[PDB]
Every structure is written in structure tokens, then in C-alpha cells.
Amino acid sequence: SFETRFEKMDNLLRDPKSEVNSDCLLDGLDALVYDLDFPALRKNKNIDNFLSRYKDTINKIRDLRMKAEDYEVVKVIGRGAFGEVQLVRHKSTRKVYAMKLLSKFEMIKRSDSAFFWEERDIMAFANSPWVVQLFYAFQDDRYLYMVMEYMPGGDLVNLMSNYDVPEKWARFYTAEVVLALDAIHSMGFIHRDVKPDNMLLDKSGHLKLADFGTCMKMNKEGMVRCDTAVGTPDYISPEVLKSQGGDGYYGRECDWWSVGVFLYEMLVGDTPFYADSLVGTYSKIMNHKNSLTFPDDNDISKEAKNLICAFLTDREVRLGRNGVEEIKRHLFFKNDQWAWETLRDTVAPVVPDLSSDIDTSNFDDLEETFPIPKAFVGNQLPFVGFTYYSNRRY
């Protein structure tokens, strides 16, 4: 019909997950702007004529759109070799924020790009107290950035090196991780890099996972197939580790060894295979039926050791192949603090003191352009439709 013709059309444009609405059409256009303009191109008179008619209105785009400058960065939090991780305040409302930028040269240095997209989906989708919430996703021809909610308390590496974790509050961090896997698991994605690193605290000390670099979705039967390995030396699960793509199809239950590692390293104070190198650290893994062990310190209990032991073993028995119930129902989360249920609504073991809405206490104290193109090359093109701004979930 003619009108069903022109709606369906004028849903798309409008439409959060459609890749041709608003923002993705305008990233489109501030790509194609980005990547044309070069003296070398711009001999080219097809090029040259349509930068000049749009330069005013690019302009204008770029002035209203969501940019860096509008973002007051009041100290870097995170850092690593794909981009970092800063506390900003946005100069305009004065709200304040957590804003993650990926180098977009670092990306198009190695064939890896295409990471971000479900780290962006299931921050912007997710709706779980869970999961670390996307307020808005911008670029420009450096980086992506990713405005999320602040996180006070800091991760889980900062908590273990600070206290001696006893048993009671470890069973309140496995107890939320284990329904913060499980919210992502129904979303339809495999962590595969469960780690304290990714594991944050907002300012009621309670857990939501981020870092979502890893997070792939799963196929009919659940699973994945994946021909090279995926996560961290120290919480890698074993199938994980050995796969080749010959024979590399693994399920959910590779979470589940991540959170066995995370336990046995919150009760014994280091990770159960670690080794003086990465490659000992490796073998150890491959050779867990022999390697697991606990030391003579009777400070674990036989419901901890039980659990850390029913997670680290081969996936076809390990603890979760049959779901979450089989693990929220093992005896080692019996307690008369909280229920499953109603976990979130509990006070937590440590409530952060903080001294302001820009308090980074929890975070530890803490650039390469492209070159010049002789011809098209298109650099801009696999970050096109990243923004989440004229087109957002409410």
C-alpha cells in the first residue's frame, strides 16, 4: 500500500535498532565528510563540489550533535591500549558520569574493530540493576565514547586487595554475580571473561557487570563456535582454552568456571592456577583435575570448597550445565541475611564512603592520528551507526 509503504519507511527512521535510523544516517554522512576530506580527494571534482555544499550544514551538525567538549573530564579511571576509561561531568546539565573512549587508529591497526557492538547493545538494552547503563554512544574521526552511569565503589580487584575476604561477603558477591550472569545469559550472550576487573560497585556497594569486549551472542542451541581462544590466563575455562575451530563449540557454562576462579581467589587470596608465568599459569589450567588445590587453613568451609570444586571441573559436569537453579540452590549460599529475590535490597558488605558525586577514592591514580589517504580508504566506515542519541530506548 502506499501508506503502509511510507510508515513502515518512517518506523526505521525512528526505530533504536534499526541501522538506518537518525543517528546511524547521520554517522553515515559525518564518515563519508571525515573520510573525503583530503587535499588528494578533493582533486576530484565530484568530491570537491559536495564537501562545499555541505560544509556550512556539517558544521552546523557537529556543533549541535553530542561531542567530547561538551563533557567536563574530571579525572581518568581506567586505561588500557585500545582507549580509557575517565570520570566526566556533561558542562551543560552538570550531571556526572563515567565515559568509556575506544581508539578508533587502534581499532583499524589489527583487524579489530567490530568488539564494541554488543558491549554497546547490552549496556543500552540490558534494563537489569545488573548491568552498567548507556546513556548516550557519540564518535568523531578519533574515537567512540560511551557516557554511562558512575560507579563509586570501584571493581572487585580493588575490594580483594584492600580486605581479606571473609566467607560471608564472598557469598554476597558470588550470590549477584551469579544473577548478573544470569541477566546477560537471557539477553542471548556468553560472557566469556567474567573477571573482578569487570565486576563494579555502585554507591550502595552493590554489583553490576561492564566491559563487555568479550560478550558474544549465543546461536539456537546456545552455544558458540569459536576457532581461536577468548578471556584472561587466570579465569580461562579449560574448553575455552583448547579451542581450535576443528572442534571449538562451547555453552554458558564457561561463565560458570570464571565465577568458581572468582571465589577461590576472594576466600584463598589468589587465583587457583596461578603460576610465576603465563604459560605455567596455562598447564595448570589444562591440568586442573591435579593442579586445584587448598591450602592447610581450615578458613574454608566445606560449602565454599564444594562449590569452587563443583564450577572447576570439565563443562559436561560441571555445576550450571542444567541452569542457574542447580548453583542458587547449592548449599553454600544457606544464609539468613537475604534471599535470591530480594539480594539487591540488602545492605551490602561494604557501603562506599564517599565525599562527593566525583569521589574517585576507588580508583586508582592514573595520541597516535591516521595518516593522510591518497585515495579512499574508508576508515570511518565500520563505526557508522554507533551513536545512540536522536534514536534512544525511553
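Definition used throughout: the rigid core is the maximal C-alpha set that superposes within 1.5 Å between two forms. Numbering follows the first chain given and starts at 1. Compared with the form deposited in another entry:
Measuring CA movement between the two forms with the rigid core aligned, the set 293, 244, 186, 92 has one residue at 2 Å or more: 244.
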Given for the second form:
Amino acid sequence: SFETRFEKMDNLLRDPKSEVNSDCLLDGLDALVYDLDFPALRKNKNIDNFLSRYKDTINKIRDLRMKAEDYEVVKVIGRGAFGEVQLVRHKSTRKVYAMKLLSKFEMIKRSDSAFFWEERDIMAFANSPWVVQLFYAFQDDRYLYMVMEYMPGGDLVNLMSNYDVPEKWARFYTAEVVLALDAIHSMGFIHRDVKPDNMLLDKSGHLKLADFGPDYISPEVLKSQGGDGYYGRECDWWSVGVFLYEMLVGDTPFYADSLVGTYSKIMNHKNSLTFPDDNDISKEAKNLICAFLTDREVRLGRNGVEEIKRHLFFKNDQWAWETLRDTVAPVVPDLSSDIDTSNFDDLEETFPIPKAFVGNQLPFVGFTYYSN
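For comparison with the form deposited in one PDB entry, kindly provide the form deposited in another entry.
A lone chain is what you will see next.
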């Protein structure tokens, strides 16, 4: 059938989850112009003629497509190894967002340029109240850009520093992390390193997970990094136990001065896991921490989220699992302005000119995403 094959082709060209969608195919042409336009390369007739034929329209497309210049940087609200997070405002729409930038130079230099694909897909397609949304994803020759919802409530590292977390609060945050992880697991993904930095609080003080691509890592994720083991969803449930312990105790359960010491304490969890002498912690809170901080064969979460939800630590009279997001969060942030950075602490290299085709833009083809 000719029209069935022609229809299937249009499906691939218009589906946002397709690698050959219209905005993805445009990335290939854009990358090709960035990577070919060098004097040594343009000596090749095929290259010089192709660029003459497409540099007018590619420069035109670069202007029409979303670009960094469409955003007004307000402040830098975060920083990482490969870039930074900026609170930005779209010039035309005036809407504020959080934009994550990833340096193509650093990524290529460190030979690490494929870690962002699952983060892009989870945030773009989750469609969940528990996952930070990615509205747009674009790029230029130097950076990858991720336009996400701004989470003014800050992160849980900040919350834990500013407050003495009572059990009533710890139960709320732990339950929201349980629902957030279940939404991610339902999509077919495993977070791997769930930590308080990945837990962001929206305008109403409710939690959403962000940042998909040592203290919080499970024993199986450590073992499997030596190229022989394997792990399941229960590796994220281990992280929940570490988070609950840090919240009620003030320290990570396997803290050590050295990275080796932490790694070793995690493997020796049956002997290193201890609750300080001066612990006001309930028996149900300790039960839940121990049920998560154990080997994967007997870990809570092995037989789904239901056994986690039924734990006595979650028994309370303020909320229910099915309506938890409608309840008032323990810390509802001060909604002063759309530019409020109160909950956040405040704080370039060009590629060498190629003498042959290097293709530095190739590992980024297909990153562009427009939610419409």
C-alpha cells in the first residue's frame, strides 16, 4: 500500500517522540552547516557547493527558530560541572522559566555527550504533577538549552538546612517522593541517584523531581558500575530511605570523610547503619528506613509501590495517597514576585578550527523540542 507507507511517514515526521520529527531533521541540517563551514573543509567541492546552496536558508532558519537571545537572563540560580541554571524571562511572552545550559565544549572535551537524552524525554513527556516539565529544548553551536518550569520553592537541601524537620513534614515529603518515583517507574525509567537536590518545590510547596542526567547510591548501583551486575527500580527505593534518614537525623546514614569510606559503609550497610543515641525518631520511621536500607532481595519496593504505601509510617489523619497533592504543604513559599530568588543561594572556550571534518555537532542532533 502506497498511501499507508506515505501516512506512516507523516506520523514519524509529526510525532514529538520521533527521532526523525520535523524539528529533529532541522537539527541535522543545522549541525551540518556548523561542522562543514571551515576554510580547510570548503576546499572540497562537495562541501563548498553544499554550503553555498544552504547557508542562506540555514541562517534564516536559525533566526526563526528558538534561540538564547529570545530570553532575558535574570539571575543564575544553580551551577554544575557542564553548565548552569538561569532564571530567565522570555522577551516576547514575559513568562519566567528555569533554563538549564549544557556546554558542548565541556561535553566533547570530557567525552561525555549522551547523558541528557533521558532527562530531556522524562521532562518533556512525563505529563505528571510530580515531574518538572520541559517546555522547550533548543541549541546553538556552543550550548544545549532546556526551558523548564521555575520551581520557586527551592530544593530539599535548602529546606533541610533552614528547618528542623518534624516527622509530620518528613512523612509528607517522603510520600510525595514515593508518588514521584512511581510516576517515573510507570514511564519505564529508573532515576538511579535520587537526592534532595533533585527534589524541587513549586509555588504551593509541593515536590516535583528534576535532574535525570555517592551518599545516596544503593549497593547494587555501586556493584553494577564494575561492569557485571544489574539493578531494578528498588535502587530508587534505597535512595528514599537515605533521604528519610537525612531528614530526621541531620546526616546521611553512610557519611564519611573519604569517598572510599562512604562506598565501604554502603556495602557494609548491615553494620554501618546506626541511629544516634539521642534519637527522638519513632519506631515506624526507623522501621521504614531499615526496610529501604537493606539488600535488594528483601528491600521494600521489590513488590511494587503498594507495600510502601501501606507502611505504618504513612498512617496519618491529614492526608490520603490519592489526594496528597491537594493538601497544604508544610512550607508554602513567600509568593512576592515572579522573579523571587529568596529560596536560592547566589554565586568560555571555543572549539579549535577543524582541519578535517570533526562532527562535534553530531551527538546533539535531535535535541530540539517544541511543546505545542
